[PDB]
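Protein chains: 2
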Amino acid sequence: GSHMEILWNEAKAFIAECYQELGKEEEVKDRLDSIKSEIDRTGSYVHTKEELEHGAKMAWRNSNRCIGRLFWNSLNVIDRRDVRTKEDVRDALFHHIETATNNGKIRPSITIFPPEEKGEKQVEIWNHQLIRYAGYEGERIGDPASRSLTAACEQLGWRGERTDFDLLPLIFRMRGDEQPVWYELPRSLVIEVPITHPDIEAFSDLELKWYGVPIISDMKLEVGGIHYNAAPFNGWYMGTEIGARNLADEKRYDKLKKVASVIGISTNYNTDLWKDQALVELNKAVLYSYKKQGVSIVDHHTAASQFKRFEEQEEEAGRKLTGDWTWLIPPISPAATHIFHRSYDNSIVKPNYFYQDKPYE
Amino acid sequence: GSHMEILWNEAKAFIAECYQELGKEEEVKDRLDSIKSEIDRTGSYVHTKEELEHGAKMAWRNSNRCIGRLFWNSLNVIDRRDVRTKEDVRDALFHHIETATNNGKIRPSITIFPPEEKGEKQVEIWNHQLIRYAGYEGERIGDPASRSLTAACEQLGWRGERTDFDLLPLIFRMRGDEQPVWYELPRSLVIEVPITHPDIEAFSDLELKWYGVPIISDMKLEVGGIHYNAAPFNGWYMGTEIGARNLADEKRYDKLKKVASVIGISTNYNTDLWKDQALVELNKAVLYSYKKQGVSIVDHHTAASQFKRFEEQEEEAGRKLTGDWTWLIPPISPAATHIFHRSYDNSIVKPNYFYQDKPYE
Ligand code: HEM
Ligand code: HEM
Ligand SMILES: Nc1nc2c(c(=O)[nH]1)N[C@@H](CNc1ccc(C(=O)N[C@@H](CCC(=O)O)C(=O)O)cc1)CN2
Ligand SMILES: Nc1nc2c(c(=O)[nH]1)N[C@@H](CNc1ccc(C(=O)N[C@@H](CCC(=O)O)C(=O)O)cc1)CN2
Ligand SMILES: N=C(NO)NCCC[C@H](N)C(=O)O
Ligand SMILES: N=C(NO)NCCC[C@H](N)C(=O)O
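Protein chains in written order, with PDB author numbering: chain A, -3 to 133, 136 to 359; chain A', -3 to 133, 136 to 359. A prime marks a further copy of an entry chain.
Pulled out of the complex, with its shape left as it was, chain A reads as follows:
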């Protein structure tokens, strides 16, 4: 009833906007009639290869919390709407890691899986990221942010070595199955980068490492009323995500005191700004390490400079800019970037990527 009404309204808005950008404004009338006939016949509609390719690109362009939006039009869209089995999903996810990694020269990619038909999912990915470390809790072992997913993987038969860097398996549920299935990640497929410093030799004693590619796999892509609940995407890392958050937060790896110890500074006084000096050296180390291994990474100053060119190009194209200031500012030296000194409209424009409820927890 109301579901078929919402679907048609978002479709009219998308096709018109999409074809206007692609230079196919005359093809709107004939396509919208075919879509109306399809919604009445089946209860949904299927996007063309050109439609979802541009829809996923527009969705990136509309992502308020993303600083890397300058490269929106270079997104490599992999169409996997043909998947039917758990083996097909596994091979598609393995392929995504391989092609996106590209021996270090990271290609911004997205794999599109079959969308929701009548509100029910065809493929449901449980992983936050395709490549992520496990977390356990005695004392804290691994990534605390991965605790609930690790406990869910363990309830399914998976068991990790209990090191600080255990790779979580791929865990997803197919339509018709009550519970999900899991597959361990081949070590050859996952590129990891050991963290070293360019001047301080003792930094390697910390035995820190991180994976090369952030592949968010739990977000819903919405394109013209069609909900793609399973559509993993990736860009490359901004150094601060690893050195100022993943390895620095008290609720994550909490390495600042240990970093301060190896760089030869005291942790006695807040006034010595040891945390700040530790953050600078850890972040310098992350950028050096990824570069030395030939794995794509960007520092926060270059990323902000790239985002400035995006703001300029959006104005030149006539589109309104939307952004979330609280997320666009880097967690290290935000006032040294232009982002800090201006405001952004936090309006949600469709197509976009959205948060969806976690099946575990």
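Don't take every hint at face value.
Identical copies carry no separate label here, and so any pair may be met within one copy or between two of them.
[Said to hold, decoys possible] Straight-line C-alpha distance at most 30 Å; calculated BS3-like pairs for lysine-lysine: (1) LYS306 x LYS255; (2) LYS207 x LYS253; (3) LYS290 x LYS348; (4) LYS289 x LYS318; (5) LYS256 x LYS306; (6) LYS289 x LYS255; (7) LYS114 x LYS207; (8) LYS256 x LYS289; (9) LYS249 x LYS318; (10) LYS255 x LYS290; (11) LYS207 x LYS290; (12) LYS255 x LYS20; (13) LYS253 x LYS82.
Derived by calculation from the structure, the hints in this document are not laboratory data.
Go by the hints and put chain A' with the ligands onto chain A.
Frame of chain A, contents of chain A' with the ligands only:
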């Protein structure tokens, strides 16, 4: 008409809330009747010494953009509602600088001047801060943020030496005068701190300095419908205000490249994070310098820790916490503080301090 209605409604709300906090809940009825008779007779009402003292304190407690709110109840309120002449205002402002500075052991203070009667001001302060540096523009000399006020002071007969650190004069307008008057600041009254580093001797070559006390003098204090347009206040500096903003911003003193030069690092690559390393050393230098001279200052980690205790105490007292995340987070290492990892309600609660239009410009 509507002005006498707004005044009575804010007065009822304030007196009830104020006396409930002071343990004088029975005295509300008798005081509110006297206020009703006063609004009908004159068109306004006069606060008691206890009323505005607590009103200025509550106003600090409600300041969303302030991280130093833990010390709200220790505010030293100076009542100068007795001022009539320009000499009286000058002596009150000189007294404020002296008593607030307190030979370096800064006392959080506020001087209350006569409020607006029928929408018109009795005393109008033009200075953003009582102690502030001039700005001119060839090339950039001084503080760019002070350009318009400097040009307004010059149009009145004032002339500075054109150094990077010229002290602006006190500039204010009395009721009945079309234009403001100015008074040069006595050098003995203004404490300035030369910036040096604890380990790097070459830092003094930059010849950087800053004043000791930030006395905001252009904000309106609103207490129970009564608008105190002239009520200068001060706390002490948080190091980041000087080292990460005043001396670091591109639109302010823009010293990062020069700091990078004296600390021996290259400004070639964004990936070396020279800006971040420069910020850490400049900020370490600011904290050391103020401490060495015996001038009160707080680092961002200690200030955030103090603000956490404020959040706890507000909950313990039963009051709702209001805050502006965009301003509460320090511009250096925000993710190393608790402020970054939580949300705040940005609702405006009265009594408060507000922005008012600049008479110049
Ligand atoms: C070109 C490389 C890219 C860079 C440098 C970049 C960088 C970032 C950064 C720094 C964040 C914040 C991360 C955090 O704080 O957790 C972010 C968020 C986000 N990015 Fe990008 N990004 C890139 C590519 C992509 C791509 C390829 C897409 C989509 C097709 C995308 C979609 C988003 C979304 C939706 C968020 C929000 C995630 C959330 O809410 O947790 N990004 N990105
Ligand atoms: C105890 C020492 C104090 C410290 C450490 C402190 C610190 C701060 C900081 C770091 C800011 C942001 C400054 C900026 O970014 O420009 C701020 C803003 C503010 N503070 Fe406090 N503060 C203190 C005392 C006071 C006092 C005594 C009052 C009021 C009676 C007050 C009222 C405010 C207000 C209204 C703002 C906003 C100013 C604006 O919007 O420009 N502060 N404070
Ligand atoms: N890159 C990046 N930036 C981040 C986070 C991140 O993981 N990555 N995580 C965030 C930590 N947690 C929050 C969550 C919500 C809010 C928040 O909501 N703040 C304003 C919102 C103001 C507004 O826009 O309306 C407020 O109301 O207080 C602030 C910090 C902050 N910024
Ligand atoms: N200490 C401190 N913090 C600051 C500034 C400061 O001088 N001092 N100056 C600020 C620089 N300029 C702005 C002004 C407004 C906004 C702003 O408005 N941001 C959100 C507001 C979200 C919200 O709360 O609704 C937005 O809509 O984009 C952001 C930066 C930022 N933070
Ligand atoms: N850089 C990108 N997208 O390309 N980042 C996404 C979120 C990743 C998450 N912050 C992490 O550290 O794993
Ligand atoms: N620390 C306080 N209030 O006590 N600061 C107020 C604003 C001062 C302004 N940021 C400056 O640097 O001059």
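Please list, smallest to largest, the hint numbers that this structure does not respect. Of the numbered hints, 3, 4, 7, 12 and 13 do not hold.
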